[PDB]
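In the block that follows, a single chain appears as structure tokens, in the form solved without this ligand.
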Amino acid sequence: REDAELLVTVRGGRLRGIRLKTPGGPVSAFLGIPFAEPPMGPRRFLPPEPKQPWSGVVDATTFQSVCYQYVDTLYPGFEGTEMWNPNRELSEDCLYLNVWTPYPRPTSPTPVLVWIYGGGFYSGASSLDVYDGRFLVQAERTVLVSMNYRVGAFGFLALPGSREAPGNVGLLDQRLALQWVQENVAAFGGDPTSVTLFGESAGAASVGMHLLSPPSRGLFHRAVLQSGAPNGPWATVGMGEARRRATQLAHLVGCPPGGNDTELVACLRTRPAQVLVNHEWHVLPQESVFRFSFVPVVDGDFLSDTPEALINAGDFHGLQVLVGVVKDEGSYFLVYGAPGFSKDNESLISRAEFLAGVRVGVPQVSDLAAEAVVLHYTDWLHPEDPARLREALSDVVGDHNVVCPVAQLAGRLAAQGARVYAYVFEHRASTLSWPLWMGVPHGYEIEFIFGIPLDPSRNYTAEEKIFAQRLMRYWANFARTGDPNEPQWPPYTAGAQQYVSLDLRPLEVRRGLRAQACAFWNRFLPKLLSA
């Protein structure tokens, strides 16, 4: 009649899950659990309302809809881009979460990993195949949770000060999911006193913002930030710029026929979701890569100050964090607008294309700041060698957007009481479809963290499956103990700046997360932008 392992009661009511086959054994999965009221119609742009209790049994047996988002069409049918595209229908009815737990249910409380996907705050879904939590749960006997959150205008369009579109509601969907975990994860065997957030890119920036927001900080105990930080130049926006982009989006879709914020949002709520998605990229002030229209707003509520300020002034005793980057963070973003770049050739750019790419990769800085960038990333013994120029532009975008914000986040946390571990992911997957010059691109450590190479229908090498199991062990040991060890992985500190390389070879300790370059981005360039 019924399998008791697949029946769980939470606060809202009863749920029914599925038994998942994994290479290593069965796993219980509860996919598509509603945690908020559907943010439809009058509740578009509003903070999430908690899901009201239900009678009967909710079938949590498949992934729910993807939150409405732009769908990438740059390389149609290409695996390297389609793997990030929605694998479910688009809907504003999208605030559901997923729980994976061992089969049978754990008898004693079990550490919990909570995943927050990335995608520039304009895309992403917990349902993508590369976020499949079944392998982590089977291999390491943790409970894994992932949630959807609203993206694009639906999650982050802000008319600051207004009550109809206050902004950051996509972050509040994440927080509501975290509150759901605290109240309900024990029913699945999870330990609410041992919750570790991990996320990638905008997911990592989200994790950092929960660290810096007191109402979120009490909902978890450790953090993992992969290829992202809340202090990234793309991750937040000012109140004035948020209002200008919101107002321009309205104007582009016929609203109003600025003004009263209530009349404005009300007009926006009458437009079909796809109409807003279609005009989203037009509100960006300039021709850029690695910039996104609707992102978290620094408005005094969710973030009482900028992530930079909160980081430098924070007390982080009692916190363990694991951070890292891939070896070639910038290359992926260059084929999305940088002159002379394509995945289908070598992208051997000229000096003129390099200088033009600097303004696209570092938008909105004075000519002087752009000149400092070029001075720094030019080899003045080979100022016009195309291969060096291509690699230098990739470093510019990667350093400025990922590596140096990550490094600043690691150094300040370590100096102010936190226990920090840092990595650089240096393995290029045998299955990677991107060209060779891109190296190890952004986002391609995730599949190894989630143990995807263990999927039988894949054709990863046996070496890569060992590698994946090593990384899952590191991540789960961190979740359990705040220490990935059990060759050792030394903590990161502001002085020694030690990190480990993650590849098929054993751990190798190195110093400096591009210390020379990040001194420019983190120490000097802010002083230049102040005068």
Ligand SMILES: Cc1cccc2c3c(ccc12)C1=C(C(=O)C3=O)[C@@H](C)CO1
The other form holds:
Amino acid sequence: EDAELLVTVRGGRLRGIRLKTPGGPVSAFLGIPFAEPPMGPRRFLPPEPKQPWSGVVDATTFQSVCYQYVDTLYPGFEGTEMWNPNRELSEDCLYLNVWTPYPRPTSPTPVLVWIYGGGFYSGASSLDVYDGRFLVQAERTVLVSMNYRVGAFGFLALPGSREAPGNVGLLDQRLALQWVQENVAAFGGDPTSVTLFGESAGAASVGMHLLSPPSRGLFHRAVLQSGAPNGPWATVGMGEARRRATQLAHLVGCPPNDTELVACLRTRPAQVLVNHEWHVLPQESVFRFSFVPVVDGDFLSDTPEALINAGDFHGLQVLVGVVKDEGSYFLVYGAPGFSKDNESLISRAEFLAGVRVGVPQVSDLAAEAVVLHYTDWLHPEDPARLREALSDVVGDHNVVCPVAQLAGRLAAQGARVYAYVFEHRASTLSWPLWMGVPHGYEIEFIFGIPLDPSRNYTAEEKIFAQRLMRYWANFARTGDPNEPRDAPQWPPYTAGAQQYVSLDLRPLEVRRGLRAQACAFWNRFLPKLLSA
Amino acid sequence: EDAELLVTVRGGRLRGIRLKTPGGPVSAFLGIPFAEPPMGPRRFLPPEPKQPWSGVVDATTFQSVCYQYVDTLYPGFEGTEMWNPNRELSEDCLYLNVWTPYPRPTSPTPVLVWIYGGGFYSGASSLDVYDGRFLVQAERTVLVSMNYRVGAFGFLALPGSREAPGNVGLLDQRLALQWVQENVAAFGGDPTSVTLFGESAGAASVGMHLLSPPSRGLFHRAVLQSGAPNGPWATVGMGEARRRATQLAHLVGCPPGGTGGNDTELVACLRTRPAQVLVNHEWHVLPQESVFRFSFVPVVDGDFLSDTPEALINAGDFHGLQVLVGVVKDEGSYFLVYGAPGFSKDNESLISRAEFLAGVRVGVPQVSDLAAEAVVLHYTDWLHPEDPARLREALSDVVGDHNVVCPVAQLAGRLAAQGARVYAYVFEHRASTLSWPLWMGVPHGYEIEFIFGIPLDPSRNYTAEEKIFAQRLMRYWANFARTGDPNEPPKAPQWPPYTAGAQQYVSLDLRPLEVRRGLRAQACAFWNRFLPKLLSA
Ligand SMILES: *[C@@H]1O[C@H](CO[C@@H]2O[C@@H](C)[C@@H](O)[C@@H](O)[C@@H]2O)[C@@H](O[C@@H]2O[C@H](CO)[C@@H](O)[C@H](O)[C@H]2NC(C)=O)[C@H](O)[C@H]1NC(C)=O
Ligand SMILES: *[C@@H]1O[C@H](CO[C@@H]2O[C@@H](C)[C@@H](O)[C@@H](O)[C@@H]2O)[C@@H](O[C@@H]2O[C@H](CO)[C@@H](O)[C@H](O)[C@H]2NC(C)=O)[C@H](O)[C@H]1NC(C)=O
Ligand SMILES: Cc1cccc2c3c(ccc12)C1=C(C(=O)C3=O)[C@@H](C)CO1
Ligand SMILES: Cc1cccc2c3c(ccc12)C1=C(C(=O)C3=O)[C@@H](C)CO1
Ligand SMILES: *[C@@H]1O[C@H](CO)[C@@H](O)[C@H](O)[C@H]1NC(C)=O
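Which structure goes with the form deposited with this ligand bound, now that we have seen the form solved without this ligand?
Below is the whole assembly, all chains and molecules, this chain first.
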């Protein structure tokens, strides 16, 4: 028996597993229960803390994926399958994982806490691309990741109701953060040095914890990769959340009053709610998800935009960034003329129809403004430019401009902010060349996946992954990603100078402006238009 | 008596003068009466044709400048005084001018008819910069210019009234064009080949004649320099014109103890005021402090213009028409010193962000806060939002694009798509003699002297290159007048037609023609396609 793999936490005893990496071993505790199973009468309810157990929990393998939609766009294709559930689905899914150096650290080690993305409707901490073994070995941090409920199970809301208050997936995440406060020291982690990091909806989640006082006391620093709590897809108002929940109930034959509606929903098999969840959206769109965090005054006391404007962010350091081509991946899910299997050289008519798919639920006047700004009026009908332009529309509106607005406001209100654009397209990418560096494709580099010999990355890619892991861990340790002067240095982003760095195989290059002209449109003008 | 200097026109006999030009002699008939003097009871009324006379009228010097405002921004300064009246002011001003080769052409010669600009409130055919002698000598065309009423006298309108129906200054121009049809042959001119040209409000006027069927039959080609009839300053609606006329009447005491009332009585009272008294108040009836807005301009009242120029252009079939159109490099700069905060010809006008924002409201007057925010969005560099030189240039672009470039671009694109052959230019040479500061670039009005061949005047101190440049331009303009195509009937760089898709235009400067694409296409998409939709909602 190996004592390094036996840990006692508040609820009881656990047995972990020793993992190999090319750099040496790591200890892992996978599938640690942190809540009571949120099922039966507990579906839609806030998570309850896991009650203490006798005996030893086997923490040697990932637990179930929270019940969710499974993508079917391209069955068996690596680029989509890599995001799909890779363990069995269950509502019994509130488990978390801890990776630590081997042997266990005996002094307090900085903690990275990963929150997966997936539009709040999908994702799992067990995905291969989130394997924490390389970051932990290389950079000697403790890494924690949790599953949280998604889709209707995590975000269905009848606002005001006790039976389905909404935001329970964010409470699962908060409960995991509390568990980290109470137990991470037993693994060698320092609960006073916790850095949250997340991508996409995971990044939106990180932002929401920043903006919610009861979460804010549970961590110290934040990293938001390709996502922000102020993204137009990341929250829904109370009225529309009620509308969607009510429609879902109808679609699944409920009722046979909030209490009655929820009671009926609780009788339905999980897969039945999943089968209808896309259909409660108000229109056909890309980058919109039915069940997302609701602004109801509780978890979020106001919209993230308002909270961001009102906040004093002295004492916060935050690392934020985007990939080179944020919009491209979403276009194959509904923009007319798009496919991963051709060049997607669309026509002007397709472009104009695509603007309403990618900028859903705005007035005709707003759409015309989008078309004005994203048309090259010297080449209004050129298909390659139209393809790139619609990618820009979707990527700017949903990711780049919300991230830029968060970055500028936080910096202006006291935070120290570092910004990047990730510009390396992986040698192993399975999506077509036209998509460039798509959403999600920096993650495997941050997690050091190229170091895995069984995969096919180049030697240059391994060095690049090592560089990125070092920036991320430097940031978690000190609030500053920089290595000692040599360089160039990564300067802080500020509302005026707007400096960020390119992350690519080449050394850091400093640039100015996160699509400043386009983001002035989305961040400054378009809301005034929508308001009048 | 010299037979070359004697001509009989329908009204009677004329005597003209022989003018010397650096290239040789020209015949000039200056100050030919073409209407009855529009004064006393004829003030505000359409022009009446000139009654025939016995004996010989001496057409031997320019007649009076139509009564108008006189600029006082920079007293004595060449750059402003060159546009000010250079003959006595009078309401008795409806005379035109004919220049013809000496000896008179023996076969019918193409005619150019010049219409001056000046915002419909100013201008005169007598200004030195419109001297027709060089063009006639160099290119052997006949040149005609006319005075037309301006300000209140030409454009005060009480729509529906017979006593001040509006647009009478446009009717003055039209009567002159009819005179050309009836009489130009007596001077050796070909009435079947008349090309109108004009700059600024004169260019807007040309376009209004294009769009008004009774004028359209009086000429065959058109040139629009730095102006268009669809310009936002160029026309006013019936209600706003009535409001302006009524407020002007009120400011000078008409009617006594009241506002508005019976139109006959209102106008009768206005007709008793001294001309200068109307002039002293004409700027005060505008709805706000602005630049590039003028109180009394053509009114869209269903008569001269049956619909807005914008709509007439969109609806028109322009097959059979050739047009030449263009802009100078810095259309906006000249207007800024007339009211944009922080601007002066006497410093660098390096304005602050706050002055830029205030200037946007002065330069894009009478739009919603939302429309103004859209302008600020499109004209701010969000990487350099407070940089004074960029702000100075951006406000110049705002004013020039909104008032001149984008209206010309829209007219050019619509006419081309609807049948016309169109040629477009940007004029990019700053005159060696220009007296405005360097920051203003090539300002509004500063191509005219080259088109008229003014650098060929010895008493002026233009360079030899500039004389050669002037000769080139006169050649393009007269080629266009003769053939509907400015290109030379070889190994010379060719000027391609402008079309809605390719949007090709040429750069006019000392260097040879360079072909470029797009008349500020991104900016003009904003002004022409989007901003109107915004204003409607
Ligand atoms: C590029 O492909 C899209 C998507 O099409 C699918 O994938 C192709 C590789 C091929 O297998 C097609 O038959 C598939 O339909 C094409 O857009 C579609 O066009 C078809 C008609 O040809 C229409 O029935 C679908 O509804 C369209 N789908 C969408 C999402 O618009 C597009 O035409 C292709 N571009 C080309 C060929 O230039
Ligand atoms: C640039 O000049 C403008 C215009 O001012 C006039 O011209 C100057 C050259 C000088 O002769 C001034 O005395 C003239 O008033 C300046 O704008 C003005 O500022 C004064 C007070 O400083 C104010 O009373 C006027 O209203 C302003 N005029 C405007 C706003 O049109 C401007 O400040 C000058 N820029 C400098 C000096 O950097
Ligand atoms: C089934 C369905 C309907 C409408 C939109 C969908 C979408 C996805 C998957 C299934 C969808 C989908 C994305 C979308 O933007 C999207 O709109 C990406 C987040 C990848 O999976
Ligand atoms: C007296 C007065 C008030 C308001 C605006 C005026 C303006 C000019 C002259 C006098 C003005 C004036 C121009 C304007 O744009 C302008 O707004 C240019 C056309 C040159 O003369
Ligand atoms: C206006 O007053 C004059 C003054 O006599 C009169 O002749 C005219 O008919 C009046 N018109 C109207 C419409 O009242």
